[PDB]
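Protein chains: 4
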Amino acid sequence: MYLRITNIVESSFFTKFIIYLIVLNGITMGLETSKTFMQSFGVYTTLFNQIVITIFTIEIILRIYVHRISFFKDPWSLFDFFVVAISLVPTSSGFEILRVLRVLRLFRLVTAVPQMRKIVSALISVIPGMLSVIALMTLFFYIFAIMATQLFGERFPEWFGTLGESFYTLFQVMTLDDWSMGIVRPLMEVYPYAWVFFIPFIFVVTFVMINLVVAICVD
Amino acid sequence: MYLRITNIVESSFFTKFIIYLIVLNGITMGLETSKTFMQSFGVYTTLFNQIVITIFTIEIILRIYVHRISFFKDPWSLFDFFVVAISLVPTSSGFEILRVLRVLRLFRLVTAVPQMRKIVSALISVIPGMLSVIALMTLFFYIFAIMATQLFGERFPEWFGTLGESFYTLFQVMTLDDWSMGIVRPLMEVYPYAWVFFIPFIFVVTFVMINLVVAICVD
Amino acid sequence: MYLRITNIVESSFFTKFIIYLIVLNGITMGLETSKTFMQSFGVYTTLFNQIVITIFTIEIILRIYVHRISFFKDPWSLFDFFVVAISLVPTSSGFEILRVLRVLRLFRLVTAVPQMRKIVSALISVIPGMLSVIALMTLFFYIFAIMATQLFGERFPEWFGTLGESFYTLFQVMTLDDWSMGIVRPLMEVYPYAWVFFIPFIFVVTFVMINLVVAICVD
Amino acid sequence: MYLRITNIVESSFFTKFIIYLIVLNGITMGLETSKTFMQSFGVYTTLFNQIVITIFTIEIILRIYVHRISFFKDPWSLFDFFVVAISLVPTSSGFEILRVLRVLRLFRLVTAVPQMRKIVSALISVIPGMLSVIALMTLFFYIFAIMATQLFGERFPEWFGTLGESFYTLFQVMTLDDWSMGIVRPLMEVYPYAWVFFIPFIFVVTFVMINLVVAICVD
Ligand SMILES: [Ca+2]
Ligand SMILES: [Ca+2]
Ligand SMILES: [Ca+2]
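Chains as they are written, first to last, in the authors' numbering: chain B, 1001 to 1219; chain D, 1001 to 1219; chain C, 1001 to 1219; chain A, 1001 to 1219.
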């Protein structure tokens, strides 16, 4: 019966039946957004939901017999497994991010369809080339975030009071987001020289960031 | 009479005459902005306007006898037809955006003058090569837009209350617009972890965007 | 006496002397900024200034005999003429921008010192290859600025009330500066569909500017 | 005794022991951030700090016998000498930035681990080819900053009141930060033409920066 199912799983039909459900379950999840819609056809789509979820574990069980070890060394398969696994954790208990994390299954449209896989893969592949830089910056952020916490967090604890807060504010400054009118002019009414911290910070981070784009434009 | 008019239409004088009317009517529309100018010479202008509109349909009628099907297979001609058609719906009735949409005829200056055509075409041609990425993005946006509506729409209905609002807000975050003081710091007064939703969102979206710029800086 | 002065003007000493005055007059202009400095050495500097102004016209007078027509066809020289000219309009009558426009003479450091001429020229030379785009864009802005003045200027006259205002506001959206919370969300409290105007505007304007950067990174 | 210590210093063990102290002290500094942690283990971590500070001077003393003059011509070594020296200045007297500047030693993780060294050097190397643009710009900034102080600093002293203030505000405009609703629209309530100063300023400054990115993507 093994080859019987290896023929079912690998069937163009099967993969297209899968892609058909993703597009349906996605259309259905956007409808679950409507407080109106749920009052009318809520029970329709709760069931439609549990239905698709079963079908998906059935596939994943089926997909594993056909592939075994090869399957748990496939990124896309591992993914598909974990994204359905999330979707199996009861509609209750623990955290309710798990209910919300269920919509991650629409990323299966990326998995199940090539060209997407190509594109995602194309993208992901650029990351290893960025890791020396990314490491550098994260060291850098860590260093300034400490500096900022101990220089400004007493008077400005919303923004710098804690190591994590400083990470966040520094991230915001880095996105050049509302940084002057929002953070540093305020800081300067108390610490006139705060500009000496944030201007060099900005330079380094924007400089570095430009290089990283130029590096991604030579690989 | 066909070759008589094919010799009229294809004439340098004709095209240049058309280009003459565009720049005049365009000048004319900027004057139609002034509440002052309109009290003085408003009548002068609406008639010159209707005049121009006639002249333009005559041309397009003529242009078609001289090209027949070849015409409705020309992007630039199709454009011109559709823009004048917009300008044909009476100043009355339905939606009044139609009166406003008239000013789209000044895009005929792009259409009637080469080099522009060159540049537009040059630009537009880059688009097909982005569609794999644009699909990827739209899926991403759809998925996060759904999560956000269900994670934040109850306490923050202005920004996330509805799927469309979430799309808009997410777009705003993506343009890195006033995203921290404006949205996430608020969000966090209620949902301390909202940073776990928006920073990864910001990274992915900015990463994808960098790749897409480099993809262009190659093809 | 021509060759006597053609030997004075073309001299290394002459040029390095000019450069020495520029850096000094520049230093002297940053000091004229301080109300403190001006209350104690204000006279020292106003005269130093009137001095340097003569020295510069003398040079330009000298420089002209030595080059004649060749001069009024050199970009860099023409510049220095007009810049010193600005500095000759008496400190009074007319407008006071002319007094402020005097500090433009510090651009002579670019004009009179090689390398800067190199870099400026390197930069400027890129401009011709952007002109098809710059035109394209201005048509676009002109068209949308007209649309916006008639779509939003009655309720929002600060921002869209006049053709030029729409130009300014549109510029701001294009720099993606404070565009959503500052302008479109407010606009949407009255015109729910305003998002239909500004999102496409943003896309086009952003797309085009990316291409333009890429164009420069080819030519 | 030289070859004995030259064999201690040059050892894989020594270097990796150094790398071990950095990641330990760095971890320990993140803990010194917590007001909680300090109330429990502050003594522990103050002493651990002085320990590491000794060990680092010992090394720098050692590293110098083994290299002599070769050492004070090594950038990376020069760095470490200075960085430890900052950490030597008592935890009292002078300023308190000297206490804060101590966290700079964690940059030794860049200095004491290649690839980092590689990456930093890769970056720094890009600088010399920017200095022609960078010089140009600071002239540009200096010129406009002076203009702005005399055009806007009387009615608007917080933003343009002083040359230094104009530099800061001009920087903010350059990052295009909240430049319009924050600065130029206000300015225009008093000086309608202030847009004539800031729009060109914006163009020039962004153009130059676009060129500089393209330059770095050539060399
Ligand atoms: Ca901003
Ligand atoms: Ca803002
Ligand atoms: Ca505000």
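Among these hints, one or two may not hold up.
[Claimed, not checked] Derived DSBU-like pairs: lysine-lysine, alpha-carbon spacing no greater than 35 Å straight-line:
(1) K1118(A) to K1073(A)
(2) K1035(D) to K1016(D)
(3) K1073(C) to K1035(C)
(4) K1118(D) to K1073(C)
(5) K1118(D) to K1118(B)
(6) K1073(A) to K1035(A)
(7) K1073(B) to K1035(B)
(8) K1118(D) to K1016(D)
(9) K1016(C) to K1118(D)
(10) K1118(A) to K1016(A)
(11) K1016(D) to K1073(D)
(12) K1016(C) to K1073(C)
(13) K1016(A) to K1118(C)
(14) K1118(B) to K1035(D)
(15) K1118(C) to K1016(C)
(16) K1118(B) to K1016(B)
(17) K1035(D) to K1073(D)
(18) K1073(B) to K1073(A)
(19) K1035(C) to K1016(C)
(20) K1118(A) to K1118(B)
(21) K1118(C) to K1073(A)
(22) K1035(B) to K1016(B)
(23) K1073(B) to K1118(B)
Hints listed in this document are in silico derivations from the structure and should not be mistaken for laboratory results.
Status of each hint after checking the structure:
{"no.": "1", "hint": "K1118(A) to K1073(A)", "in the structure": "holds (18 Å)"}
{"no.": "2", "hint": "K1035(D) to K1016(D)", "in the structure": "holds (32 Å)"}
{"no.": "3", "hint": "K1073(C) to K1035(C)", "in the structure": "violated (41 Å)"}
{"no.": "4", "hint": "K1118(D) to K1073(C)", "in the structure": "holds (33 Å)"}
{"no.": "5", "hint": "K1118(D) to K1118(B)", "in the structure": "holds (32 Å)"}
{"no.": "6", "hint": "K1073(A) to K1035(A)", "in the structure": "violated (41 Å)"}
{"no.": "7", "hint": "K1073(B) to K1035(B)", "in the structure": "violated (41 Å)"}
{"no.": "8", "hint": "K1118(D) to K1016(D)", "in the structure": "holds (18 Å)"}
{"no.": "9", "hint": "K1016(C) to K1118(D)", "in the structure": "violated (48 Å)"}
{"no.": "10", "hint": "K1118(A) to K1016(A)", "in the structure": "holds (18 Å)"}
{"no.": "11", "hint": "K1016(D) to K1073(D)", "in the structure": "holds (23 Å)"}
{"no.": "12", "hint": "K1016(C) to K1073(C)", "in the structure": "holds (23 Å)"}
{"no.": "13", "hint": "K1016(A) to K1118(C)", "in the structure": "violated (48 Å)"}
{"no.": "14", "hint": "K1118(B) to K1035(D)", "in the structure": "violated (56 Å)"}
{"no.": "15", "hint": "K1118(C) to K1016(C)", "in the structure": "holds (18 Å)"}
{"no.": "16", "hint": "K1118(B) to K1016(B)", "in the structure": "holds (18 Å)"}
{"no.": "17", "hint": "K1035(D) to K1073(D)", "in the structure": "violated (41 Å)"}
{"no.": "18", "hint": "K1073(B) to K1073(A)", "in the structure": "violated (50 Å)"}
{"no.": "19", "hint": "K1035(C) to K1016(C)", "in the structure": "holds (31 Å)"}
{"no.": "20", "hint": "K1118(A) to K1118(B)", "in the structure": "holds (32 Å)"}
{"no.": "21", "hint": "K1118(C) to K1073(A)", "in the structure": "holds (33 Å)"}
{"no.": "22", "hint": "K1035(B) to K1016(B)", "in the structure": "holds (31 Å)"}
{"no.": "23", "hint": "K1073(B) to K1118(B)", "in the structure": "holds (18 Å)"}
Checked against the numbered hints given earlier, the structure breaks hints 3, 6, 7, 9, 13, 14, 17, 18 and satisfies all the rest.
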